[PDB]
Every structure is written in C-alpha cells, then in structure tokens.
Amino acid sequence: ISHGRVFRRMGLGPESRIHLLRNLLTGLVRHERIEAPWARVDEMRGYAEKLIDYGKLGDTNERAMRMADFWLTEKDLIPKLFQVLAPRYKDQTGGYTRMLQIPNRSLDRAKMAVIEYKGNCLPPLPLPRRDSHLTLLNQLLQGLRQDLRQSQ
Amino acid sequence: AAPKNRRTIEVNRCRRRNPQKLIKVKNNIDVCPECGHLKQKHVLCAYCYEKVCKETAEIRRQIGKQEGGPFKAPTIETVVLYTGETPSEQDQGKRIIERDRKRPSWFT
Amino acid sequence: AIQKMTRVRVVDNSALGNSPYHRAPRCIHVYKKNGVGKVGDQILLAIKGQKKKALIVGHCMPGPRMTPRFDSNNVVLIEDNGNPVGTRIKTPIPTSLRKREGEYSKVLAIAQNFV
Amino acid sequence: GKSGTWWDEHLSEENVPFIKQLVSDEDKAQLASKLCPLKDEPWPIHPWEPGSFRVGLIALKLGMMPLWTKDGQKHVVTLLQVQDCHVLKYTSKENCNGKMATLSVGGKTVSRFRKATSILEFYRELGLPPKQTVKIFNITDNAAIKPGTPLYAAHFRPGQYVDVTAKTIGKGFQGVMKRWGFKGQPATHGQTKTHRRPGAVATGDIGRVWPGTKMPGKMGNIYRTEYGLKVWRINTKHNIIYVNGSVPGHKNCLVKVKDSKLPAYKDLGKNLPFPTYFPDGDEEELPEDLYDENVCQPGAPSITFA
Amino acid sequence: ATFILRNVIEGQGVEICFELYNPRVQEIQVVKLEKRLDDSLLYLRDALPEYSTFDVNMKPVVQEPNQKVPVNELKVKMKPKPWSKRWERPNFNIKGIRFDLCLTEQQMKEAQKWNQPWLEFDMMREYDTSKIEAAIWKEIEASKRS
RNA sequence: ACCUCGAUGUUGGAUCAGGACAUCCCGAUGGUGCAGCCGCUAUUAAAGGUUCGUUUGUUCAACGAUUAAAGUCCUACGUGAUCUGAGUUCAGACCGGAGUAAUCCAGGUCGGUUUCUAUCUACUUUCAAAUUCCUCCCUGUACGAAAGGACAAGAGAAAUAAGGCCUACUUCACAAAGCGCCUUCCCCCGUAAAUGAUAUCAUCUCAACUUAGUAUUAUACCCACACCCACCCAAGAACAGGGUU
RNA sequence: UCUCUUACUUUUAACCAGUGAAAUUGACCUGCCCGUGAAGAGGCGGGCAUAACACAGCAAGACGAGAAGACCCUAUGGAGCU
RNA sequence: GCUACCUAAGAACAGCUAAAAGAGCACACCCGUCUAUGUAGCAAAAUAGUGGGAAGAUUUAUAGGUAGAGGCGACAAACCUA
Ligand SMILES: [Mg+2]
Ligand SMILES: [Mg+2]
Ligand SMILES: [Mg+2]
Ligand SMILES: [Mg+2]
Ligand SMILES: [Mg+2]
Ligand SMILES: [Mg+2]
Ligand SMILES: [Mg+2]
Ligand SMILES: [Mg+2]
Ligand SMILES: [Mg+2]
Ligand SMILES: [Mg+2]
Ligand SMILES: [Mg+2]
Ligand SMILES: [Mg+2]
Ligand SMILES: [Mg+2]
Ligand SMILES: [Mg+2]
Ligand SMILES: [Mg+2]
Ligand SMILES: [Mg+2]
Ligand SMILES: [Mg+2]
Ligand SMILES: [Mg+2]
Ligand SMILES: [Mg+2]
Ligand SMILES: [Mg+2]
Ligand SMILES: [Mg+2]
Ligand SMILES: [Mg+2]
Ligand SMILES: [Mg+2]
Ligand SMILES: [Mg+2]
Ligand SMILES: [Mg+2]
Ligand SMILES: [Mg+2]
Ligand SMILES: [Mg+2]
Ligand SMILES: [Mg+2]
Ligand SMILES: [Mg+2]
Ligand SMILES: [Mg+2]
Ligand SMILES: [Zn+2]
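Protein sequences, first through last, are from chains A, B, C, D and E. Here the first sequence stands for residues 9 to 160, where the numbers follow the UniProt record's numbering. Here the second sequence stands for residues 79 to 186, where the numbers follow the UniProt record's numbering. Here the third sequence stands for residues 31 to 145, where the numbers follow the UniProt record's numbering. Here the fourth sequence stands for residues 43 to 348, where the numbers follow the UniProt record's numbering. Here the fifth sequence stands for residues 147 to 292, where the numbers follow the UniProt record's numbering.
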C-alpha cells in the first residue's frame, strides 16, 4: 500500500537514490540536456525547480551556498548557476524545465525522456506544435466567437 | 509439484492464441508535418531528434575544443553561429562559438 | 496497562509493601473479562509469597485526554470486602476514581493529594 | 480505421481558453436557471404520513473534526458537504418492480468532454450538467418530486439518525492476517517460511475446499453501509452536515446519505419537511448554523459544573 | 490541539494532557515564558528528578512582550543507561543532553552510524509555509476587525 | 491381514475449521425427597465460547485464580507439496542386568541433515437483520427460627466477533495500522385452556376450530450499452476502476 | 517469544527484452452428493451442476515428484565379530 | 600429492595483562557448538556472528616410506582419491 506517496526508488536505498539524482542534476546543469528514463528525468526536474528557486533567492546566503556545494560535485558549476541561470529567470517564477518524451532505447527498450531548461543556446527540440488557426474547426470557432462578441 | 498427465495441443492453442496474450493493434501512428519518417502521438519524431542530437554533439565538440581542458564552466552565456552572420550588439558578453556550415532552416 | 507478571511498586503505608523482600511483588490475575487492567480495577498481587487483592490507582500509559500519566505503576492494596490495608497514601491519586463512591469510599478517604 | 480523439486535439492556441470559458459560463447559467423550482411548475405537495419514506441526498466527505457536548463528553463528527445535488428522472411504480418508486439523484458536477454520448444527450434533454455518479433512492408514491430541482444540505435537521454509505479504501491483494484477522505462527522459534501462512484450508476426507473459506485476495474495494449516525449540526451557507461517527471511505469522495430504516427509528420524521426544503416558499431565512440542544456551541461562555 | 505538562508532585511525575480548545478549560495562564534548545522535551522522563521538579505555588514573573522571547540554554543530565528511548540517535536531533558525563566516546561513535546527512538536504521534503501563513493571517485579521 | 514394502510419513502444539448430541450455558416446558439463591429428572433448539500458567517428553496425568464453560466424537487416532521434533523408527557413548565372549535391553540419559519452481479440480467479502456480564427504586419483599435472595418490568454502564476512520493517544508522518473512536434491528414448537360428538359426562384436535400460536412472502449498498493518445489518483500485480472545465 | 502487531530499505515480488532448464507425462472433451466395487471414484448407478479462453496468491484432494522401504518376514544368496 | 603415522632441512604467530606457566583476551591463522538462507544450490557439504586454541600435545611449503590373508589408528570397525 502506497497511497499518496511518491519517491520512486531507484538504487539500493535512499542514499543511492539521492546520489543518482545529484549526479543527474549535475549533468543537467553542465550539459543542459540528458536522456534518461521518465522517472529519473521527472525527479531531476522536480529537484532542479527547487535548485533554481534557491539559486534565485540569493547568493550571499549560507544555506543556498551549502545546498549548491552539496548538490554540485564539480564546484565550477556553482558560479555558473549563480551568475547565469539565476539572472536569466529573474522574470519567471516556476515556469521552466520543459519535459519531452522520446520513444525507446536501442538496448533494453525502456521508456525514456529528455528535459532541458528554457532559452538554451542549443537548438530547440521539435516541439509538438498544435494545429494552425486556419483549419475548418478553428475557423468555425473563430466565427462563433466573433458572432457572440458582436451579439453581446 | 509434478503433473499426473500431459497437456494437449488444444489446451496449448487455447492458452497461447487467446486475445489476451496477442499483441494489440495501436491506432496512434500518424505522419509528421516536417521531414516525415513515421512518428507517433505524444512521441517526438526520431528524424528531427537525431538531427538535433547530432547538432548538439557538434556544438559540444566545438565547445570542448575551445575550452581545452576540463573543469572550466564559464560564468557567461553562450551563443552559436554559422557561416558569416556578424555578431549582434546584444551579444557582446556572450561566448561566440562559430561553426563551419550554413545555418539550417529549423534553427532561428 | 497492568496485566500479569508485572513488577509493581506498592505506594501504601502497610507492613507488606514497605517491607524489603528479595522478589518484587508481581500481579497474577486481573478481575476482568480481558487481560487489560486500567485505573480502578481489582487485581491479585503476591507480596512476600502471599495472595492478596490490589487496586490500580494509576498505570503508565496515556488513556483518554483529561487524565494524568504517571511514570511509575501506582497500586493501592485492598482486601476482599472494601476495607483498605494501608492508612496513609503519600502518592497522589487521580480524581477519576471519585466517580465510583460505593466500593472505594474508604480508599478515597485515606488519601491525601489529588491531581 | 478510426483513431483515438479528444476535445482539445484540433484546436489552436487561442481557442482552448475560449471554449473553456464558454462552457464554464454555460454550465454556470444552467445551474443558476434551476434555482427557483417552486415558481415554475411544481408538483402538488402531499402531507406527511406515518407509512411513507422520502428521498436522501448526496454529499462529499471533507474531513473529520472533533466535537464536544455540554455534559463534558467528547464525540466525533464528519463533514459532509453537498455541492450540487439535483434529481435526474422519475420512475413510476409499475415500471421498476411494482413495489416502491425510485428517484435518480446525481453527484457533483463534472465536464461534458469526458462522458458518453447517451449521457450527454440525457443531460441536454434534462437541462443540467453531467454528474459523476448516479444514485437511486426507494421512495413511496406520494413523495413524487419533479426532476430538476436543487437539493440543499438543509433537508436534514439536528436530531435525526441517518445512514451514510460509500466505497471504502481498497487494500488490493493483501494477506489473510491483515484481511480476515487470522493469528500467525511465532517468529524466530525455528519457523521455516511460515510467519504469515494460513496453513490448512480443509480436511483430507472431503477431497476439496469449501467456497466460504477465508483466503487472501482483494479487500476494501466495495461499498459498505453504516448505521446509527446522528447529526449534531446543520450548516446553511456552506451546506455542511455534521454526522456522528466515521464514514466508510477516503476524503473528497461522493457519499450517499439517506434516512435510517432501523426499527428503533421508524416514524421520527413527522417534524421534518416530507417533500424538499425549498428556500423560496418557506418565507423565512434559517440561521447559518443549526445546533442541537446537547452540543456545546462555540460561543458558549465556558460551561461549568455545579 | 493538545499539550502535555510535566511536573513532579511529591516525588511522583504527573503528566496532564490538556486541550487548547475544550469547553471544560477555564483559563490558561503562563507562569514563565521561555524557550529552550529543543522543541520537544520528551527526554525529561529519563533525566534527574530535580530538573523536572517545580514549585506549584510559584509566582508568575511578568515581563515585556518585546524581549524576543529569551531562550534558556540550560543542559540537563540523564540517568545511567536504563532510559526509555535511544536519545543518542541522530534522528532525534537533541542539543540539551550532556553526553560527556553520561556516555562514553565509543557509544557515541557507534551511535553516529545511523546519521543521515542526506536528509538535511532533501529539499523536496521541506514544507515552505509562507502563502498559507499570509492567507490565514489575513483571515484572522479580518475576523478580529469585524 | 482384504488395494497399499518399484514407499499409507507416526504423538503433540501454532494457523485453519466442517459435521454430529450421548447439551455447560444463555431460548422454551413438567415433576421433585422443589420452603427462596444453591440441585436432579425427561423434551426441542448448534447462531458461540470452550481461559491465563508451571513442571514432568505428551495425545494421558499432577496443582493456583474466574464466569454460564475451560464438553465429547469423526474429519488419514483432521491438517509436516505450511511450520518444530521434546521423545517415538538408526550409526556413538554412560549406568544396571542377561550372556565365556560377541551381542541384546517393550529398564533410564546426552545429541542425532527434514527435499519439492502448483500440472489438474477447487478458492480468492456469502454485503448485511449478534451474543452476554454488572449496578440502581422495586430489594431486604413471598419465604424460616436464622443465614440469604429472587422472580418479571424500566434505566445506566460494560466483554467476544463483524462492518469503518486519522482529527484529537501510540507506531511517528505529503501515507498505512492499533494501543484511540461509532454501529450491529426477527423468530424457531413444548404446553397451559373454552364448545363438541364418536363414547349425548368429560375431551387442548396424527377430526372438523378458537388464544401466546410462526418472524418473512421485509429492507439498504449496486443497475447510463461505446470520447479515450497522454497525465494524475485516496483505484491498482497486468488488466480493470475514477478525474483532466 | 505473546497479549496485539506495526512504520521503512534491499534480495525478492508483478510486466517488458533474450539465453533458457530439472523432476515428471497411458491418453483427458477433467464439477458435487448418496450408494457399490480389489474394501478411500472427476470416468460405475441415481440425482444435483454446465457458453468458451488467460493472468495474480494459499494448500484440501489426484493414497502427487526423488530412492525395486533402512522398519516386519522368506531365501539351503552373502559378509563382519567371537 | 585429501586424510592416519614417521623421517630431513625451513617458515608462521600484532598488541595488552606478561604471577615462573603445554597462562588469559585478542590480528592473521587451525577446527566448526547454534540460528537463518538452498537441497537439480555458489558449492556431489557454502554464506555473518555468537564459538575453542592462537609460545605450543599448534599450523604449513618441499622430498621419501608403511596397501588389502593388509596399511594406520590420542579405538571413531574412523581413514586408505567425492
Ligand atoms: Mg531496482
Ligand atoms: Mg505473531
Ligand atoms: Mg524464518
Ligand atoms: Mg531448512
Ligand atoms: Mg519504553
Ligand atoms: Mg494381505
Ligand atoms: Mg508397506
Ligand atoms: Mg508408485
Ligand atoms: Mg508416492
Ligand atoms: Mg436433543
Ligand atoms: Mg503455556
Ligand atoms: Mg494424525
Ligand atoms: Mg498434506
Ligand atoms: Mg517441509
Ligand atoms: Mg550439541
Ligand atoms: Mg492457476
Ligand atoms: Mg484431476
Ligand atoms: Mg520474460
Ligand atoms: Mg470390476
Ligand atoms: Mg466414495
Ligand atoms: Mg485416478
Ligand atoms: Mg522391494
Ligand atoms: Mg528351503
Ligand atoms: Mg547359504
Ligand atoms: Mg556359497
Ligand atoms: Mg570374506
Ligand atoms: Mg590423530
Ligand atoms: Mg596458552
Ligand atoms: Mg586463548
Ligand atoms: Mg568403541
Ligand atoms: Zn519529423
């Protein structure tokens, strides 16, 4: 029975799971693009949201500094996270880290996904664009909207 | 445990040819507006995915060739370029990484 | 909860519980349908190798809300018919035992402090 | 062949919020239109009879809050909020089973995009938004109510025992000790793979097992009826029912509360509205909270014993 | 909402479980408002009786409500090792027990094995209460005004 | 010694129960060597319990504390493809005895490997209508010379089993359990009595009928044929179940 | 250890990808009760029962699987000790 | 060449208490009293501690000898290539 409980187990326990999530977070901060199973990328995004929030809260804070030093095992990523990814989202709150699903892997055929931050100097992934506002259904909806607006 | 007799071929057919074990026919396969290499709903196309993966790999190769040794991570943003294209005025403090090919139509 | 084979300390002023002995007095039976004894129940206590009844005046587990929670199992000795053994009760007795008033009239009268 | 489709598939980026707002305004207008059922064409109201019953309500279990009385005791009440409760249709006596009439009552409102075609057609012909679940109450003949009237939580009054039934929390495929409550073998007393095993199931002479043998499996995924639930407080503004005891089910779920059928509470609804509490024809505004003559009100100036 | 009060009455520990919202409560009076280094004094059952013993007829000390609530940084000893719970475990996080005059270095060394440094940086398990606090404060202000 | 030495596992205990009365009890009668609470006899009814412990190896057997009881038999002297051998069916040894020795003990003791991935039948909430102890005015009344104590009714507190909950106590926390809380509603056939002939009295009827004397032809969960990529879930092994305004 | 069990992690458990067994098999279109028989019947008599096909757990039976029983008895078949 | 015994030349045993010792705890090492896991397993005899010894009746690398009407035996009818 696991009602209302998340925390998907991956490694041999909580410590191994946290270590794997920290490694994934470091890789995502470095390369800004990682393909991994859906649960792993979901947890990575969930932790990266709070990481970006804490990095945006301030730099001189000792709590955020200790958290960045703990969750980043490369040291050099801390100044980058504090001076690039923090001033970038100064106008956004919690709207970032877009998740996209890929088919399968050519090894064990496992469900994977790729996530990335907004902006991104790398070319954007092919986003599932919706239908244009010129199809029959869209034109009929626009006509009905204009009719109800002129009738009001 | 040990069987007292032997299962027949009829029981085997009824067990292995049931619609529960047979593979279901999915109806989520469509086409892609770009390129078109048989994609699926809620799943990105493999062709454009491979293209953007190769492009990201080339950009990372160029970055590693420009950075040199490990343990760097610059404190400024980055911007990639292609053949020609002079840097703009709002891209002075960003690292310039130019390539050696024309600019694609899917990267603006 | 005071069940059986429990090392309880006598808090009375008699010559049985206050006298030293090589074995602590332990309960052997609870006068109830089940084997769970709460405050205000009659139990059998073996003191100095004998058979005498007892009365639970405060265990250690928290029952309801408006009730005390003593750190030690307090038990006042009692005979068969309603006559207490001890005459001075130094340990405080909770006010939850005053709802009887019929079978423990003298035990509540020989007491001192109340919580 | 035909592929899967939904409602927000062939829409642009400027049409989905428009459709959402339009359908929201539509359902709000449809809910507001059925606000005064008495001024329309109401059915004739019959007086209360000792040999008759009435229709229940559908509430939503919010949570459980403690409650105290005037004598000093502490009880427990459960919050049952009635969001939207209406009548769907009406079946006569000679069309169901030839015994007692029935009424179709729906739960809270939902969307029109995730329902069947027949359900949408029925809710369009009736004039109400679709509901989540549909319940049926067995009533008599003189308690006939026109379908399409709002049902508030003020239908019950403090001082009546009701029965609330819902779907309990399922445990899935669990063991037998946690399901039926069977005792287990000792732990480290040399036991070899038997700490949670039932052991025997039958005898050796019968050569089989009985169907009424308690064995592990699915448990909890069923509806259970609870009896003996007295109400202590009736809310009017938020429409909250304060039933004593526990409600079988989890939180934020639709329940089914109705009158009790126990022999100790046979004819006790003579001081209650037999049809339906109408806030239009009553010619009076009930207070926000209806307290009982035994529950300690929150505005009490510290009750003291004497 | 309930709270347990610890006090020794005639060499006997009495713990009453009152209720903050109960019709039988007459009046709640604070005798000495002060904080400590721990938010849960459940370890007082295994301590010396002289620490948990207070005078029942003591006079409440009055002060200003602007002293930032003075915190009493007083350490309490413990009875040998017949204790109730394992307070030496890092999961309890207690900074008010003198482990120098009660336990040895090997006991602390073997008890520190259950330390979870990753729990302090779990991030997701942190309950950030700010908007809810502002909402309930606005609600209580609107209820107190009119 | 009638299938069973090309193999029928052997005493208990834990778990799980089924059936039967030659019935301990609560349901209902008649008598008494029934003065009232303590007892006995004969009948109908199985919807339940049959405790907490010690030591001896026990199904046997011994002793301490309760209520109405610590009831009996069969189910491979129930159940080892679920669990343990404390002995009982070996290889070693010790004490006592028979025996030239070897050897043996329906005389005693120390320890003495417990193996199987479910093939087949059959099962996986049958949805539900419980049982009982104590106290209070009656009660210190009928009863004897005295102990003592009810028959029945009303009210209040409680024990086992079943159906649920986390918000108040605990395990300790975006959840799940009990040590905490709510409810559990109808009986079951044996007599006591009018009139009546056969048998003009009398007669309760394996005659035609009248009263306790049959509860019930009971009541609530749950009963919309098809939008389904994907996400979430108090729903969940897959599947299936609910929401996405 | 129990009254009275519980909170979490791993192996393991359920599905996806492949290598892939062992014991065992007269054939099975394989339900229950009463009674009978080589004496304990899913295949016999009389009744009750019945659209078909997989997945996930327990043991009541098919006197289920492994050893031509080590316990009792026969053998003019052996061997050890005195 | 595993195991019983013997022969010649070698190696091994931290640290503390070392009462002088076929002394004690305790590394590496010699053997395996018990629990749990499997009995077609990692293994035709395994996995951790609770275990006894560990300055000597201790263990071990090399080479040789004692074999069935027998070898050997601090005597288990124990061992002599599962
Ligand atoms: Mg894993
Ligand atoms: Mg157990
Ligand atoms: Mg075990
Ligand atoms: Mg074993
Ligand atoms: Mg404790
Ligand atoms: Mg024979
Ligand atoms: Mg035989
Ligand atoms: Mg055979
Ligand atoms: Mg066999
Ligand atoms: Mg009888
Ligand atoms: Mg015992
Ligand atoms: Mg047997
Ligand atoms: Mg068996
Ligand atoms: Mg076995
Ligand atoms: Mg031994
Ligand atoms: Mg099966
Ligand atoms: Mg078969
Ligand atoms: Mg597979
Ligand atoms: Mg024949
Ligand atoms: Mg038969
Ligand atoms: Mg057969
Ligand atoms: Mg043979
Ligand atoms: Mg012969
Ligand atoms: Mg011969
Ligand atoms: Mg010969
Ligand atoms: Mg010979
Ligand atoms: Mg030797
Ligand atoms: Mg020595
Ligand atoms: Mg030694
Ligand atoms: Mg010998
Ligand atoms: Zn494409």
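The hints are simulated quantities; they were obtained by calculation from the structure and are not laboratory data. Please note: incorrect hints may appear among the correct ones.
[Stated by the list, open to error] Taking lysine to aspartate or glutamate pairs in the EDC-like style, the calculated list, with each CA pair at most 16 Å apart, reads:
1. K126/A to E155/B
2. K135/D to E167/D
3. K98/A to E155/B
4. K132/B to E40/A
5. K119/B to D50/D
6. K58/A to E272/E
7. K120/C to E156/E
8. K132/B to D178/B
9. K119/B to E51/D
10. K132/B to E43/A
11. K119/B to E40/A
12. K150/B to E82/A
13. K225/E to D101/C
14. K116/D to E165/E
15. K259/E to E23/A
16. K58/A to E156/E
17. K308/D to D113/D
18. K129/C to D113/D
19. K150/B to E23/A
20. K81/C to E109/C
21. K44/D to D108/B
22. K58/A to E165/E
23. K88/A to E145/B
24. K129/B to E43/A
Evaluated hints:
{"no.": "1", "hint": "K126/A to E155/B", "in the structure": "holds (13 Å)"}
{"no.": "2", "hint": "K135/D to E167/D", "in the structure": "violated (23 Å)"}
{"no.": "3", "hint": "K98/A to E155/B", "in the structure": "holds (15 Å)"}
{"no.": "4", "hint": "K132/B to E40/A", "in the structure": "holds (15 Å)"}
{"no.": "5", "hint": "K119/B to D50/D", "in the structure": "holds (14 Å)"}
{"no.": "6", "hint": "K58/A to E272/E", "in the structure": "holds (10 Å)"}
{"no.": "7", "hint": "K120/C to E156/E", "in the structure": "holds (8 Å)"}
{"no.": "8", "hint": "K132/B to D178/B", "in the structure": "holds (14 Å)"}
{"no.": "9", "hint": "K119/B to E51/D", "in the structure": "holds (11 Å)"}
{"no.": "10", "hint": "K132/B to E43/A", "in the structure": "holds (14 Å)"}
{"no.": "11", "hint": "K119/B to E40/A", "in the structure": "violated (25 Å)"}
{"no.": "12", "hint": "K150/B to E82/A", "in the structure": "holds (10 Å)"}
{"no.": "13", "hint": "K225/E to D101/C", "in the structure": "holds (14 Å)"}
{"no.": "14", "hint": "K116/D to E165/E", "in the structure": "holds (12 Å)"}
{"no.": "15", "hint": "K259/E to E23/A", "in the structure": "holds (14 Å)"}
{"no.": "16", "hint": "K58/A to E156/E", "in the structure": "violated (54 Å)"}
{"no.": "17", "hint": "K308/D to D113/D", "in the structure": "violated (28 Å)"}
{"no.": "18", "hint": "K129/C to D113/D", "in the structure": "holds (14 Å)"}
{"no.": "19", "hint": "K150/B to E23/A", "in the structure": "violated (29 Å)"}
{"no.": "20", "hint": "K81/C to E109/C", "in the structure": "holds (10 Å)"}
{"no.": "21", "hint": "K44/D to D108/B", "in the structure": "holds (12 Å)"}
{"no.": "22", "hint": "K58/A to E165/E", "in the structure": "violated (38 Å)"}
{"no.": "23", "hint": "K88/A to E145/B", "in the structure": "holds (15 Å)"}
{"no.": "24", "hint": "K129/B to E43/A", "in the structure": "holds (15 Å)"}
When each numbered hint is compared with the structure, violations occur for hints 2, 11, 16, 17, 19, 22.
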